[PDB]
Amino acid sequence: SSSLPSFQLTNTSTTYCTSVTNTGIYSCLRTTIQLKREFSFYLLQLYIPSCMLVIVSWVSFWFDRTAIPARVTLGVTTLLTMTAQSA
Amino acid sequence: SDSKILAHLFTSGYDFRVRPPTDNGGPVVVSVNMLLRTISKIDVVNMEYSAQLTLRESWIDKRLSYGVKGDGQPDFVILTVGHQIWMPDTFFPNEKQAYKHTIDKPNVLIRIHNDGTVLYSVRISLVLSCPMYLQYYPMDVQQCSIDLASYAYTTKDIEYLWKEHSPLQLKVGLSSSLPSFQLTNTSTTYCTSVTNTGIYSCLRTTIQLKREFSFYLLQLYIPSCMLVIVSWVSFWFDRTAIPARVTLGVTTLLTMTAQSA
Amino acid sequence: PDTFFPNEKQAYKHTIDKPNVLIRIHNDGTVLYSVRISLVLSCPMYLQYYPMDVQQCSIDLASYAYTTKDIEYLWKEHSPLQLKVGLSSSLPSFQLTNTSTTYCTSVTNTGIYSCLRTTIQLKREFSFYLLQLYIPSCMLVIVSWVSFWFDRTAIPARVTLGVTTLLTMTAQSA
Amino acid sequence: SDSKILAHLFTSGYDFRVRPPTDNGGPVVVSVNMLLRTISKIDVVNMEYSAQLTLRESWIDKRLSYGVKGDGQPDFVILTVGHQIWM
Amino acid sequence: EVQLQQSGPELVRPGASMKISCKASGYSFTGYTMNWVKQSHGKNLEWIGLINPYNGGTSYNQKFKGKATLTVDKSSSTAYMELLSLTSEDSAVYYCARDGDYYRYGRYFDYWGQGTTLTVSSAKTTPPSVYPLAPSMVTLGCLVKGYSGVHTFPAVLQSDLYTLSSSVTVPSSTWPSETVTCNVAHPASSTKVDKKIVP
Amino acid sequence: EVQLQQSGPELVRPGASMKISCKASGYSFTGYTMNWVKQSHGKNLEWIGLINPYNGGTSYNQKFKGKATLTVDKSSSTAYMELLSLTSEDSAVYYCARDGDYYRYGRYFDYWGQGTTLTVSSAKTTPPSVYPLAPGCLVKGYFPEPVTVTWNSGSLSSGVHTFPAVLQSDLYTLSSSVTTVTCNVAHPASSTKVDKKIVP
Amino acid sequence: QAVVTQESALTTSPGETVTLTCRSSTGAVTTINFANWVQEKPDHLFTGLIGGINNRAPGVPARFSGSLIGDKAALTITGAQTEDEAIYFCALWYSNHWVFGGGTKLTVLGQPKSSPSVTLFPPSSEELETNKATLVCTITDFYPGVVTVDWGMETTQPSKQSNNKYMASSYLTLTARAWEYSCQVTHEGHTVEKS
Amino acid sequence: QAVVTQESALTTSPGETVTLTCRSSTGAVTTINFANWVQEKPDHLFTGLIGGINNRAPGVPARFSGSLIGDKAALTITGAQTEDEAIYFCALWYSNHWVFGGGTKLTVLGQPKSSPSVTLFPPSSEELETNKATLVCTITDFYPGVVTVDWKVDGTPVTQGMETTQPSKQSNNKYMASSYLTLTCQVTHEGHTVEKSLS
Ligand SMILES: CC[C@H](C)[C@H]1O[C@]2(CC[C@@H]1C)C[C@@H]1C[C@@H](C/C=C(\C)[C@@H](O[C@H]3C[C@H](OC)[C@@H](O[C@H]4C[C@H](OC)[C@@H](O)[C@H](C)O4)[C@H](C)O3)[C@@H](C)/C=C/C=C3\CO[C@@H]4[C@H](O)C(C)=C[C@@H](C(=O)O1)[C@]34O)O2
Ligand SMILES: CC[C@H](C)[C@H]1O[C@]2(CC[C@@H]1C)C[C@@H]1C[C@@H](C/C=C(\C)[C@@H](O[C@H]3C[C@H](OC)[C@@H](O[C@H]4C[C@H](OC)[C@@H](O)[C@H](C)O4)[C@H](C)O3)[C@@H](C)/C=C/C=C3\CO[C@@H]4[C@H](O)C(C)=C[C@@H](C(=O)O1)[C@]34O)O2
Ligand SMILES: CC[C@H](C)[C@H]1O[C@]2(CC[C@@H]1C)C[C@@H]1C[C@@H](C/C=C(\C)[C@@H](O[C@H]3C[C@H](OC)[C@@H](O[C@H]4C[C@H](OC)[C@@H](O)[C@H](C)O4)[C@H](C)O3)[C@@H](C)/C=C/C=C3\CO[C@@H]4[C@H](O)C(C)=C[C@@H](C(=O)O1)[C@]34O)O2
Ligand SMILES: *[C@@H]1O[C@H](CO)[C@@H](O)[C@H](O)[C@H]1NC(C)=O
Ligand SMILES: *[C@@H]1O[C@H](CO)[C@@H](O)[C@H](O)[C@H]1NC(C)=O
Ligand SMILES: [Cl-]
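Quick note, the sequences are listed as chains Y, C, D, R, X, Z, E and F, same order. Residues in the first sequence are numbered from 175 upward in steps of one, following the entry's author numbering. Residues in the second sequence are numbered from 1 upward in steps of one, following the entry's author numbering. Residues in the third sequence are numbered from 88 upward in steps of one, following the entry's author numbering. Residues in the fourth sequence are numbered from 1 upward in steps of one, following the entry's author numbering. Residues 1 to 135, 143 to 154, 170 to 221, numbered by the entry's author numbering, are exactly what the fifth sequence covers, in order. Residues 1 to 135, 148 to 191, 201 to 221, numbered by the entry's author numbering, are exactly what the sixth sequence covers, in order. Residues 1 to 151, 161 to 189, 194 to 208, numbered by the entry's author numbering, are exactly what the seventh sequence covers, in order. Residues 1 to 184, 196 to 210, numbered by the entry's author numbering, are exactly what the eighth sequence covers, in order.
If we strip away everything but chain Y, and leave its shape as in the complex, we get:
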């Protein structure tokens, strides 16, 4: 688990997968591990920064309606950045 940083090996199972093929019936075992993806990374690199990005687009609701250049600059930069992040 220490050499597996990105996931968490939650569960394992030991089963049979014997099958009938055209050349005959072959005996077969199957071990299965269950990997849960670690969330801390996606919290910090995806969710947090997107909220921080959406929240910025709101601070333009507090600029006077006369200074539209400021509003567009915000709304557009946050939208563009949003794109990049998703890419």
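Hints are computed from structural coordinates only; laboratory data are not their basis. Here a beta-carbon is modelled for each residue, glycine too, at the ideal position from N, C-alpha and C. You can take every hint at face value.
In silico DSBU-like links for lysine-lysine, alpha-carbon gap of 35 Å or less:
id, chain 1, residue 1, chain 2, residue 2
1, D, 96, R, 41
2, D, 171, C, 105
3, Z, 63, C, 69
4, R, 69, X, 19
5, F, 41, Z, 74
6, D, 156, D, 100
7, Z, 218, F, 207
8, F, 169, Z, 217
9, Z, 43, Z, 23
10, C, 62, X, 65
11, C, 4, Z, 65
12, C, 171, D, 171
13, C, 100, C, 41
14, Z, 23, Z, 67
15, D, 100, D, 210
16, F, 41, Z, 67
17, C, 156, R, 62
18, C, 156, X, 63
19, Z, 217, F, 132
20, C, 156, X, 67
21, Z, 65, Z, 43
22, Z, 23, F, 41
23, C, 105, C, 4
24, E, 41, X, 74
25, F, 132, F, 174
26, C, 163, Z, 19
27, Z, 23, Z, 65
28, D, 96, C, 41
29, F, 174, Z, 43
30, F, 169, Z, 218
31, C, 4, R, 4
32, C, 100, D, 105
33, X, 214, E, 132
34, D, 171, D, 96
Listing some non-contacts, in silico: residues in chain D with all C-beta distances to chain C over 12 Å:
id, residue
35, 163
36, 177
37, 215
38, 222
39, 229
The hints should help you fit chains C, D, R, X, Z, E and F with the ligands onto chain Y, whose structure is shown.
Structure of chains C, D, R, X, Z, E and F with the ligands alone, referenced to chain Y:
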């Protein structure tokens, strides 16, 4: 002379499959020396590192003694091709990939001293797994290890021990081929363990790698301060020209994101 | 001679069709041995003057099992190191300025081993760094100056310039 | 001792190509143990993962029995190089 | 603090088999392998075998191969030891001793248990056979068999039974001029005998 | 400037063993391998062996295999040489000579030390027996060195030649010529200042 | 097979330096023997001291130290203490199992030494009638708690008294026909003997 | 085994070109002999000159040069200097060890040649009382400092019991030496010989 001495040893009944005999039935004691040549490609994502070393094993095989006391004969005779000898079936438990060097003649050396003492030297390139801990990532220290142990022979047949004097040695041009880190400390230890197939003897060398800071100073810290400081120069623009302030504050914030990405 | 390359990290012999080797046994007992070998060697580099640096890479050759009493290497007396004519043309990024042929015999714990060492000196080509780094940065700094000619009243124009050129500067360095 | 026990087993007519005999003509039953050492490089794009394990197989081959009840001899003899065995 | 608490004392008849426990606490139970040591009156300490909690793996002293069976219950952090075909020779004190290293075999002992005393006997209650002993200050002896200066020594085990004596130094002028006697009681047998020490 | 300073002179009885040092300074100590050379009166220069400071590695002359043991202490930049089972034949001057190449064996000598003089003699502190040399003096059977000689209690100082001492009976012995007349000997190791007149 | 040998008992005063030794019968104690040292306080209290390569148990005082003096394993207590008085077992590792020694009884002096008061009792008539003869050699008032009985025999383990001078009893068992004698106690020097 | 041979001594004037040679007994000096040259000034001052393949020590003057003239190693001093007067040892490398030569005593002439003044003394009757006999043969005032001392007893040349000191610089820049004989004197210099005998 040498060719004759070798002939004498193998003309009799000698079985390279049979473990060397002992006086008290004890295990064959294998002394180990290890020389690191280069430590490279320290992968943080897959948490592993590569390293090329020279393994050096030394045990006693009375069956191979020719000179005994000698003092009339050559101290040791070089083992030539075509002569089998029992050797510790050592492997590297934490090795994920491994190659022996065979350019031209294979890179090995086997000496059979008169008293029956055998020396074994071989170049080996390895790719070892090294679990890393990035809690202080920019300024961290990792500890990577190489484990060495027998595969088939248990604790009753074969026992590893680090050479008494300088068990681990480094080549002079190692730190120079390792630009990103600084090899601060090394240690030589035992990792013998009890498994379901038996109790196996095991050595473990450990190097300690300190991450070089100059890079992170210049590519991360400096430029971020320079970025935060820019967001401040908008405190000196008239409160009427907000377009200038937003342009600064937003560009520095966006850039901040990119940098972190 | 069980020669190997001490600083080789990877190595292959060429065996397409018949193996690429040649062995001659002259009448007097003199043996000639010729073999093609592809290598990947380690070459510690020093980037203090990175854009305009010179590195020196080497190939080390020595015996593995035989000590100084059994086998001794010596560079051929005349032209020990030769280069194929189409070498510099297959090396676009550097210029192979100088080569040297030396000895690196050393005393180890298993004995004293004879060793040769050839060294090539690589000078990094500048044309690339002139065009992709220096020129564009001057062109970038010079742009930040054209805002000194805009009226002090139109600050939006000045900030737009000064900030875009600064940001671009960052990207370029990255 | 061990070398002699091995010699005895293969001096007779033994064929590593021939499946081990059974009492009722049944199939050779192979018990399997599996030890995962490391699970790494979990590729989502190519949908595959790497893993290093220790396979452990165990079956009965009466032809190879030397000690039988034993209790005077070594419990097991390590198979040395140069001795073929049906696997 | 780490602690190894072993099961209480046990009394079992020959031919039977009992199992003693060693409950570990104060450390990651599965990280350290457990040894079992046998301390018998007849001999020194003997090493029975060891088990790796995490692994299930075991390794026995050739001597106890088939006499003892080491197991482990991860859930309860307990190590158990089975003892089969119990006999007279199995009557001893069994300790459990942890290995020193963390998730690896270090071949050195840390903490032991308080020990478990196992008594394997096939003899029923027997009355103490009292035999008097006798040769400034004269010392008199009293011998109990097959069951100032008051010195009762430890009790041996002769022929599957117990046996101890009893010294008693007194001024010679009080013997045989005065009746020296020694009381020998035995609650489990309900028998008290007297032996008059005579010259 | 590089310097190799070796330990002082030593006097030891046969059967014993002593160790001389060679403290290096003025260069990266671990980069150059050290040689040990033995210069004895009886023979020429002999090469004992060499040690690589960085490596620990050593290589001895078959002759001194077991007689000398080269070691090195990186911390103090010092090279040491053990000499076991000392005997008469071990009485010599031991130099240490650095190899020429930087982190590689060049097989050529750079700098030597001033040398260390080792004297192995089971001899007893003995005064000099002076005999007259007529047609010079003859300080004989004196140990340990040195011994000083004057003429006419110092007066006659012109044309006086005091020759090197020699080990002829395990005891040093030297003479001194000149061109009444008496020679004065003054052995400081036993406080012996005997004079012998020079008669026909 | 292989057998481990230790000093029967040793004596030392508070502050001094005592050394226990562990000897292998097959040969010299080497590193692959992983010489272990275990301490046993009264009431069956075992704890490890040294073992493995060159490691020690958690809490083992700095005065304890291991070494391979001569050709056997050693345990040196530099600056002995009162509490250091116990029984010390050393264990050697032979291939695949441990072999313990007899143990050394280290005594840290507290009371002046005392000679063993011995008394040898003959087999009474009741025993002779039984056809089994028993001898009793009672040992009282000695210190430290180390005595060696020398005459079928079976001596009991040293056990302190009310005056802190360990005591014990010896039993030489015979048959009435064999009956139809002397006990000597050697205690830290002289040898008290009676017939 | 293998032995290295050099000129006993050579002479040269300031500015001239002298050449020392080093000879191998096993055969011709090849490159794998790594012929080394060492200089020894008075008072035990050793320093390297040439060695290895074709490298030289730090500071070795340009006038010094190595070569393989004929079939032996050479050391040529082009433009000899006063200070160049010393003893030169050459060392050959044979497989795994060094073998030194006898050394060549190079003299840079800054003084007119001077024949040795040989005096032979008779063993004082004094020391004969010790039942021992010692002949002294003082040699003084010679240059260059390189003399051969050969003894003779009744025609036949002495083979045992002789010991001569190494020549040493005296006051007047000339050399001196002594030679002893052991019981119970001709001197070679620059070519000529000086004999002093006694009946
Ligand atoms: C707070 C978010 C809002 C949007 C604020 O965002 C900003 C400013 C605007 C808003 C006020 C910007 C934002 C940082 C935050 C400030 C946050 C911190 C200084 C740290 O985190 C806090 C909160 C965090 O818990 C959310 C908490 O962890 C706890 C609770 C968690 O469980 C909920 C649990 O899992 C965890 C184990 O323990 C922590 C201790 O402390 C710091 C860790 C945040 C770093 C953020 C980033 C680092 O690189 C990322 C990337 O390069 C990028 C593009 C944007 C960055 C960013 O997003 O920058 C980034 O994602 O403020
Ligand atoms: C000074 C920082 C502030 C924020 C200034 O930043 C700017 C302008 C605004 C501020 C005034 C911009 C900044 C450069 C600095 C000017 C800096 C230099 C010209 C050089 O460095 C100085 C300081 C440096 O010591 C901090 C010092 O090294 C010493 C001391 C150190 O110990 C503290 C020690 O380790 C070291 C070994 O020896 C050095 C000799 O000299 C130059 C080296 C800086 C280069 C910076 C960069 C190169 O590529 C980076 C990247 O492409 C990027 C995105 C931004 C660049 C940047 O960040 O550009 C960058 O990070 O000015
Ligand atoms: C002139 C520089 C200033 C800053 C001007 O820059 C700009 C506009 C603003 C300034 C006036 C922008 C700049 C181009 C220049 C115009 C340059 C050219 C049209 C060409 O080059 C000139 C000059 C050049 O000699 C400097 C000369 O080569 C000679 C002399 C050299 O020895 C000094 C010698 O080595 C050489 C062998 O023979 C050449 C024949 O002709 C053209 C070659 C330039 C291309 C530039 C670029 C191509 O991709 C680069 C990158 O994608 C980027 C990010 C920016 C580009 C740029 O930097 O664009 C870029 O680096 O003008
Ligand atoms: C693992 O356990 C989970 C528990 O919810 C269960 O759903 C699943 O069937 C198990 N299977 C595997 C492969 O681990
Ligand atoms: C190449 O050129 C110069 C000129 O002789 C020299 O200083 C340098 O050492 C040489 N480099 C190599 C690698 O041969
Ligand atoms: Cl913009």
